[PDB]
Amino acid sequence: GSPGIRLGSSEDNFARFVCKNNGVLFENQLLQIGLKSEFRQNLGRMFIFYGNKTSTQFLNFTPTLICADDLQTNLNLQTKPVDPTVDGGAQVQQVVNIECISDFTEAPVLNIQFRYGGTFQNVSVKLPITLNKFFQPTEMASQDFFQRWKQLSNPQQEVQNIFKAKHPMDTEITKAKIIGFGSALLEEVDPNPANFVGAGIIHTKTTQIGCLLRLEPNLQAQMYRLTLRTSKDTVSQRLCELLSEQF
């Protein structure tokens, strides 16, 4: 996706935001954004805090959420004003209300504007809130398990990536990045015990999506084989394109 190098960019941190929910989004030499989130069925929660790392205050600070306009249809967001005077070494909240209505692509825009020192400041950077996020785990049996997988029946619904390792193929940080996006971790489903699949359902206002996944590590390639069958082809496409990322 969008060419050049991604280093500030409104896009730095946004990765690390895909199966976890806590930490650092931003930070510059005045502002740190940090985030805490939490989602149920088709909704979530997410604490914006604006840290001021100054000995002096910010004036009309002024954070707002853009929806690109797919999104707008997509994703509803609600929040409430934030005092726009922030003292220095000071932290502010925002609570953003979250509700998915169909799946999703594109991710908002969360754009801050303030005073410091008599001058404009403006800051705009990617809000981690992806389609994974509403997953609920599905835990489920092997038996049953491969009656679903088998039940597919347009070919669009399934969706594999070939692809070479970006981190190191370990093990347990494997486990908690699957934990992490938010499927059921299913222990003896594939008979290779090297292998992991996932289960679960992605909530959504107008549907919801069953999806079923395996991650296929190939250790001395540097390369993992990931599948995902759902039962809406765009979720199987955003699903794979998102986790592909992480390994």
The other form holds:
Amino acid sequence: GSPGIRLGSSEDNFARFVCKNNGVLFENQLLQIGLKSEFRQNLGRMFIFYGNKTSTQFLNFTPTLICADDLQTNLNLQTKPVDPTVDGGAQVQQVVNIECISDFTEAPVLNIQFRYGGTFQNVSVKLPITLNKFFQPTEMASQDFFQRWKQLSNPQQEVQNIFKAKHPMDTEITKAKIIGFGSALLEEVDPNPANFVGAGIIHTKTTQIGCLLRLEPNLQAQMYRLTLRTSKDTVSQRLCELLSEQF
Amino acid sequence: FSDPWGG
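Right, and the form deposited with its partner chain bound of this protein, after the form deposited without its partner chain?
Shown next: the complete complex, the earlier chain at its head.
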């Protein structure tokens, strides 16, 4: 179940890239790995930056993308060559072209292997390409939201999670996290003004999944009740799981 | 544009 201290692992900062696209994903004493990405419809483009923190250059810098078989059927990644020599204090760029074929839950693994000071260096970090990155936000009037909310048919399409807040509850931050996640934040739809409501469409090559979400805070309990209602059970499950970790 | 190193 993914045990052990999450420090010096392949995912120490993964969660920091679910609601935003840029920042430092990884950093040891030799290498800094930064990111930027953009997505549109079921496609994306991610730039990975490799910074050499030393006064010595790296040789045979080889970054490779690894996807389990299951992930390869749902997510198509293509990349261009990367300068294999990185000067000390210098940075090199890698471009990853992304095509989402169908919804996916696993994450690609980025493996970095290079030479430094006459030694072999290897690093593996989970790449933050996640399902919500293919969101198309959909603004809509209150009445339209409720009509759609009430069109869910198979209970497997609704997924609910009542969890403990990992972060101080804060209205603006919460709004910011929902917007960053990808869906539209619909103001004043829930009659309870303390709740948040979102809506968007997840885009993939083979199917477009309509998505609705309700987030309910409980200050006393320091918990939230998050509900995902979408047109595909696996999408509800992955979005709920991803979103729950952000609060 | 946003800084790849700012996050």
